[PDB]
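A.B. asks: Model the full assembly from the supplied sequences, consistent with the hints where possible.
Now for the letters of each chain:
Protein chains: 2
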Amino acid sequence: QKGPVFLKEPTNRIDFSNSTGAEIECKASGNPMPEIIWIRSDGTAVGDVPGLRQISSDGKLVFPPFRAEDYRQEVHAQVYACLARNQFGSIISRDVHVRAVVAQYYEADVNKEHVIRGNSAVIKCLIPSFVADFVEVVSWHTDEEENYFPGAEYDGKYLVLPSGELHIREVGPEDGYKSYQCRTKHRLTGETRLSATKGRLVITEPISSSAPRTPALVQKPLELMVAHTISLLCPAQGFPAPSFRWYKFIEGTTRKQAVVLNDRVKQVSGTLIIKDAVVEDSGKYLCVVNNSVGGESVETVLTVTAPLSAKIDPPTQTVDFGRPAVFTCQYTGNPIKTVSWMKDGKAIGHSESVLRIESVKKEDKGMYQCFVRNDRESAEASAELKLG
Amino acid sequence: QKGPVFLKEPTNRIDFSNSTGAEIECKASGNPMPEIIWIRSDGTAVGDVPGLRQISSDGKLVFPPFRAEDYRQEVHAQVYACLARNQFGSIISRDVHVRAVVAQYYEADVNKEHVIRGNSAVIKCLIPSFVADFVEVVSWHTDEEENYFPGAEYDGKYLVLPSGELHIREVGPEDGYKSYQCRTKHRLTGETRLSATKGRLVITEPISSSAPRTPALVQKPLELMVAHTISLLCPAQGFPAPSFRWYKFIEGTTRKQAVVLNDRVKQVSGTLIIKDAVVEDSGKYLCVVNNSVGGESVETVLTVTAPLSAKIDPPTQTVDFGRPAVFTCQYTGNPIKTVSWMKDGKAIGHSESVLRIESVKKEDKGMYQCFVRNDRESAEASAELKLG
Ligand SMILES: *[C@@H]1O[C@H](CO)[C@@H](O[C@@H]2O[C@H](CO)[C@@H](O[C@@H]3O[C@H](CO[C@H]4O[C@H](CO)[C@@H](O)[C@H](O)[C@@H]4O)[C@@H](O)[C@H](O[C@H]4O[C@H](CO)[C@@H](O)[C@H](O)[C@@H]4O)[C@@H]3O)[C@H](O)[C@H]2NC(C)=O)[C@H](O)[C@H]1NC(C)=O
Ligand SMILES: *[C@@H]1O[C@H](CO)[C@@H](O[C@@H]2O[C@H](CO)[C@@H](O[C@@H]3O[C@H](CO[C@H]4O[C@H](CO)[C@@H](O)[C@H](O)[C@@H]4O)[C@@H](O)[C@H](O[C@H]4O[C@H](CO)[C@@H](O)[C@H](O)[C@@H]4O)[C@@H]3O)[C@H](O)[C@H]2NC(C)=O)[C@H](O)[C@H]1NC(C)=O
Ligand SMILES: *[C@@H]1O[C@H](CO)[C@@H](O[C@@H]2O[C@H](CO)[C@@H](O[C@@H]3O[C@H](CO)[C@@H](O)[C@H](O)[C@@H]3O)[C@H](O)[C@H]2NC(C)=O)[C@H](O)[C@H]1NC(C)=O
Ligand SMILES: *[C@@H]1O[C@H](CO)[C@@H](O[C@@H]2O[C@H](CO)[C@@H](O[C@@H]3O[C@H](CO)[C@@H](O)[C@H](O)[C@@H]3O)[C@H](O)[C@H]2NC(C)=O)[C@H](O)[C@H]1NC(C)=O
Ligand SMILES: [Cl-]
Ligand SMILES: [Cl-]
Ligand SMILES: [Cl-]
Ligand SMILES: [Cl-]
Ligand SMILES: [Cl-]
Ligand SMILES: [Cl-]
Ligand SMILES: [Cl-]
Ligand SMILES: [Cl-]
Ligand code: NA
Ligand code: NA
Ligand code: NA
Ligand code: NA
Ligand code: NA
Ligand code: NA
Ligand code: NA
Ligand code: NA
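As they're listed, the protein sequences go chains A and A'. A prime marks a further copy of an entry chain. Mapping of the first sequence onto the deposited numbering: position 170 corresponds to residue 170, and the numbering continues sequentially without gaps. Mapping of the second sequence onto the deposited numbering: position 282 corresponds to residue 282, and the numbering continues sequentially without gaps.
Just so you know, the hints here were simulated from the structure itself, not pulled from any lab data. One should not assume that every hint holds.
As the list claims (entries may be wrong) - With a straight-line Cα cutoff of 20 angstroms, these simulated PhoX-like cross-link-like pairs (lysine-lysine) come out:
(1) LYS220/A x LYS220/A'
(2) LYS386/A' x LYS198/A
(3) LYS198/A' x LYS178/A'
(4) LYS112/A' x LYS256/A
(5) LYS386/A x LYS337/A
(6) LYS198/A x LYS112/A'
(7) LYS112/A x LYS112/A'
(8) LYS248/A' x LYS220/A
(9) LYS284/A x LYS266/A
(10) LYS311/A' x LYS337/A'
(11) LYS284/A x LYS220/A
(12) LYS198/A' x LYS112/A
(13) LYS311/A x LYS284/A
(14) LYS343/A x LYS2/A
(15) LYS185/A x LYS157/A
(16) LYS343/A' x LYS361/A'
(17) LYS346/A' x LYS311/A'
(18) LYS311/A' x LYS8/A'
(19) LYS198/A x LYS185/A
(20) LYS365/A x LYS2/A
(21) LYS157/A' x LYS178/A'
(22) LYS8/A x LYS60/A
(23) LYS256/A' x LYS337/A
(24) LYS220/A' x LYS198/A'
(25) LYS365/A x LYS284/A
(26) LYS220/A x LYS198/A
(27) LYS284/A x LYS284/A'
(28) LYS284/A x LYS220/A'
(29) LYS284/A' x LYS256/A'
(30) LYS343/A x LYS365/A
(31) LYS220/A' x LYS248/A
(32) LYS220/A x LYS284/A'
(33) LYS8/A' x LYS60/A'
(34) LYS386/A' x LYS361/A'
(35) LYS346/A' x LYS365/A'
(36) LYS386/A x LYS343/A
C.D. replies: Next comes the structure, spelled out in structure tokens:
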């Protein structure tokens, strides 16, 4: 009567501490009822590893809480998938990236920030790259007991940016007598802590003029989710204190247009702040920095991501021998890196949205799937071909 | 008998401290002898400012040593040029960027470096962007009195990179008990100093596996001179400790080829080191980082620069009325952003290497110039048109 279809698939990412453990679930319909098999996304079947990974009932793959000593990479840093299968054929779920992280001490640092008097300053909370997936800045604190939270600007001067930095307008020599520490939160342990070091502004008096200079290391391409607020920085120091202008390149050209500042898109000193991000905010942005001595510019690439989904039209069709079978994968999300097709769990080497079988023979019956992928996400849709 | 030609032009950059002062020289031939006028490159004539800028004899523009209090931006941060002129017409020299910098205290910092045991580490000497044009790393020093200089690797482990960082192979927990300071040199004052802070490696024990992660901020496009050694870094941390591969994109494509390691081009852990750089080393490079968990990559753009020069063929020609006059600008150097032509000191709106005057009329006699420019350098060539 029916080939398998997924009712419930596990999400693309399962991140958890060794204390929390995890369970992921896969449910499929069909007639006869499909067997549910857990595999590594590569295709190997996976089994029971005592205390670490348990195929449970209800179709649940269970990662019990475990001691640091019992960490196993092949179990705990692994991409899994669910394979649903009956006599009519096989479907494979989206990828399931499992990352069990053993609770472990980390610290964030705040270093000295050297600035020319009169310029803006950006104080950064430095989170080691290998924990940064799990740690975010909550708030900023000074020795004089000022506390700054994400939201509005304080005293026309201090702003905690959406990207976590503390932005300070128009630094004066008095600003060198404060030190700054950030509070960070680890989303897998739920713990918060203050930074191990405190940072201060070191203010240089402007005695010589100088053209704006930007740092050697600049923001690599960004990927940020729709509906969130984005901030693009443009760090630069010079004397006279420079002014800042943002542009967005016209895609595929060397031509650019001035970013249009309004209710949604605002500029704070050299920082561009985009609220309620939409996919069309993606692109290459250029910040141009000027004073009466000279100018400089830096490019930043932004991709605003949206969740991947896929659906095949039609869900099932019956086609008489020798006639054509067409399946159309319809998808949403951003970016889409690839579209690719599978038949009963095996790649069939077609990478376009519409799959056409010219003349249906007997071994063309079975389950077909469309997968849409980018670097972080995957989504699948399935469909059945029956012979008439 | 002759229009002006330059014998000696000032260099593109004149950087000097207020204690040193400076003089720049312009010499041109011609008959009658041309008057030498100093202008701002924009075209305004410049005069004597008592104690700060003196048109001297010998055709020298002199910036005397001066007190910090007497700094003047319009004098001391300015692009000048030499205008040579007689009855036959005018030529203007290449741009002369003058930067008088008042001697002023700076400090470099070395911060904590967080690394996973078994990975490579890179210790950086942080030089404020607004003095970095003048300050370079000389050497690195530890508390245990180890001294490291540019050149060869020490003990198979420590290397001071051409770009100034201290590279450390395969960090072990014992490496956390040393602290590091850099010695820097200011090329305008000639002073050396040690860094204000010392940095240490903070070593994280690998308890969980993790895919390689690279920092948020990455090297922006580089410009480095021919014949020097270049190092391209690829900072990355993960567990297992990752391996590194470098590629160079085929220009104008998304295709890449593996960099070929030999006597000139070497790899030290994740660092690519190119000796005796040539202009053909320019391009977009990709570093790909892998371990058994995952991978990442980062792009770096390199331009290898070569000094600009220009020459017009022919230096002088006589052309009878109504006939065609052709001047051909021949140039060398890299990159070349623009080529543009002038006649007696005024832009004539032609931006190609060959200038063709279709039918020579009377007001076409005069001095012609070709300018070749990029963001950092300019070179000019001149030629005379005489009527027959
Ligand atoms: C604020 O600060 C920024 C600096 O970051 C300044 O913006 C720069 O302005 C300069 C000067 O106008 C720009 O340089 C100009 O670019 C033109 C475009 O080049 C294109 O075409 C060539 C081929 O001919 C390609 O090589 C190139 O990649 C581009 O595709 C050039 O045509 C200009 O050269 C001509 O004019 C100059 C005078 O300006 C002459 O000296 C030349 O001989 C030639 O005739 C010129 O090089 C630069 O590109 C801008 N950068 C950016 C990032 O925008 C702002 O000007 C500054 N604001 C103020 C008020 O000063
Ligand atoms: C070391 O680490 C690096 C990671 O940094 C790995 O290199 C990456 O490898 C992956 C996997 O092969 C690469 O992803 C693949 O890229 C292909 C090329 O995409 C082009 O064409 C599409 C349009 O179809 C464009 O969107 C895109 O911009 C490119 O122009 C894709 O075709 C691949 O998808 C197909 O195969 C995969 C299985 O690999 C299926 O899941 C898909 O459904 C589809 O059928 C795939 O996405 C990635 O690009 C590499 N990155 C870099 C920087 O090189 C190394 O693999 C790793 N080494 C080892 C040994 O693991
Ligand atoms: C997950 O992994 C970590 C192992 O790093 C486990 O947390 C660690 O648990 C030990 C023992 O429970 C903790 O040691 C204790 O510290 C307190 C002082 O704060 C002391 O009074 C106790 O006698 C004991 O020595 C250790 O601090 C803790 N480490 C961290 C970073 O939290 C955790 O138990 C594991 N989860 C399991 C096995 O379910
Ligand atoms: C160029 O500009 C700087 C101004 O910043 C001048 O250097 C400064 O000169 C003053 C006076 O010569 C120095 O002060 C002295 O310091 C010593 C102690 O080290 C003290 O014994 C003296 O009595 C005096 O107070 C100052 O240190 C120095 N600053 C720097 C950064 O070098 C310089 O003279 C100027 N050049 C000229 C005017 O030609
Ligand atoms: Cl979902
Ligand atoms: Cl297998
Ligand atoms: Cl396994
Ligand atoms: Cl938000
Ligand atoms: Cl020269
Ligand atoms: Cl004038
Ligand atoms: Cl002036
Ligand atoms: Cl060198
Ligand atoms: Na069926
Ligand atoms: Na704007
Ligand atoms: Na179908
Ligand atoms: Na999905
Ligand atoms: Na003449
Ligand atoms: Na290689
Ligand atoms: Na000529
Ligand atoms: Na030159």
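A.B. asks: None of the hints should be skipped; say for each whether it holds.
C.D. replies: We went through each hint and held it up to the structure:
1. The straight-line distance between the Cα atoms of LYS220/A and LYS220/A' is roughly 9 angstroms, inside the 20 angstroms bound, and the hint therefore holds.
2. Of the supplied pair hints, the one linking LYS386/A' and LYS198/A is violated, its CA atoms being roughly 72 angstroms apart against a limit of 20 angstroms.
3. At roughly 10 angstroms between alpha-carbon atoms, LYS198/A' and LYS178/A' fall within 20 angstroms of each other, so this suggested pair holds.
4. For the hint pairing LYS112/A' with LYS256/A, the CA-to-CA distance comes to about 40 angstroms; that exceeds 20 angstroms, so the pair is violated.
5. For the proposed pair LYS386/A and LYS337/A, the alpha carbon gap of about 30 angstroms is over 20 angstroms, so the pair is violated.
6. Proximity of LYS198/A to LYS112/A' is assessed by CA-CA distance (about 12 angstroms); at most 20 angstroms being required, the pair is judged to hold.
7. With a C-alpha separation of about 12 angstroms, the suggested pair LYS112/A and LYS112/A' falls inside the 20 angstroms cut-off, and the hint holds.
8. The straight-line distance between the Cα atoms of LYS248/A' and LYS220/A is roughly 18 angstroms, inside the 20 angstroms bound, and the hint therefore holds.
9. With a CA separation close to 17 angstroms, the supplied pair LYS284/A and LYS266/A stays within the 20 angstroms bound.
10. Annotation: proposed proximity of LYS311/A' to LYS337/A' holds, straight-line Cα distance about 17 angstroms (limit 20 angstroms).
11. A distance of roughly 11 angstroms separates the Cα atoms of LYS284/A and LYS220/A; the hinted pair therefore holds under the 20 angstroms criterion.
12. Proposed proximity of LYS198/A' and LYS112/A is supported: the alpha carbons are some 12 angstroms apart, at most 20 angstroms.
13. Proximity of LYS311/A to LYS284/A is assessed by CA-CA distance (about 31 angstroms); at most 20 angstroms being required, the pair is judged violated.
14. The straight-line distance between the Cα atoms of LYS343/A and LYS2/A is roughly 16 angstroms, inside the 20 angstroms bound, and the hint therefore holds.
15. With a C-alpha separation of about 25 angstroms, the suggested pair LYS185/A and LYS157/A falls outside the 20 angstroms cut-off, and the hint is violated.
16. For the suggested pair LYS343/A' and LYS361/A', the alpha carbons sit about 14 angstroms apart, so the restraint of at most 20 angstroms is met.
17. Of the pairs offered as hints, the one joining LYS346/A' and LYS311/A' holds, with about 19 angstroms between alpha carbons and a cut-off of 20 angstroms not exceeded.
18. A distance of roughly 15 angstroms separates the Cα atoms of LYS311/A' and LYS8/A'; the hinted pair therefore holds under the 20 angstroms criterion.
19. Taking the CA atoms of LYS198/A and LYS185/A, the gap is about 17 angstroms. The hint holds against a cut of 20 angstroms.
20. For the proposed pair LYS365/A and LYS2/A, the alpha carbon gap of about 12 angstroms is at most 20 angstroms, so the pair holds.
21. A threshold of 20 angstroms between alpha carbons decides the hint, and for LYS157/A' with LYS178/A' the separation of about 14 angstroms falls inside it, so the pair holds.
22. Pair hint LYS8/A plus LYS60/A holds up; C-alpha atoms about 11 angstroms apart against a cutoff of 20 angstroms.
23. For the hint linking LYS256/A' to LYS337/A, the alpha-carbon distance of about 19 angstroms falls within 20 angstroms, and the restraint holds.
24. Between the alpha carbons of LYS220/A' and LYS198/A' the distance comes to roughly 26 angstroms, so the proposed pair goes past 20 angstroms and is violated.
25. Taking the CA atoms of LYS365/A and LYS284/A, the gap is about 46 angstroms. The hint is violated against a cut of 20 angstroms.
26. For the hint pairing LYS220/A with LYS198/A, the CA-to-CA distance comes to about 26 angstroms; that exceeds 20 angstroms, so the pair is violated.
27. For the suggested pair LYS284/A and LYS284/A', the alpha carbons sit about 18 angstroms apart, so the restraint of at most 20 angstroms is met.
28. Using a Cα cut-off of 20 angstroms, the hinted pair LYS284/A and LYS220/A' holds, with the two alpha carbons roughly 15 angstroms apart.
29. In summary, the hint linking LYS284/A' to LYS256/A' is supported, as the alpha carbons are separated by about 9 angstroms, within the 20 angstroms threshold.
30. Between the alpha carbons of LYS343/A and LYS365/A the distance comes to roughly 9 angstroms, so the proposed pair stays at or under 20 angstroms and holds.
31. Of the pairs offered as hints, the one joining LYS220/A' and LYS248/A holds, with about 18 angstroms between alpha carbons and a cut-off of 20 angstroms not exceeded.
32. Between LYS220/A and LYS284/A', the direct Cα distance comes to roughly 15 angstroms. Compliance with the 20 angstroms bound is thereby established for this hinted pair.
33. The straight-line distance between the Cα atoms of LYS8/A' and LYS60/A' is roughly 11 angstroms, inside the 20 angstroms bound, and the hint therefore holds.
34. Restraint check for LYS386/A' and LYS361/A': satisfied, since their Cα atoms lie roughly 11 angstroms apart, inside the 20 angstroms limit.
35. Note on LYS346/A' and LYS365/A': the hinted pairing holds, with a Cα-Cα distance of about 14 angstroms set against a maximum of 20 angstroms.
36. Using a Cα cut-off of 20 angstroms, the hinted pair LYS386/A and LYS343/A holds, with the two alpha carbons roughly 13 angstroms apart.
The structure shown violates the earlier hints numbered 2, 4, 5, 13, 15, 24, 25 and 26.
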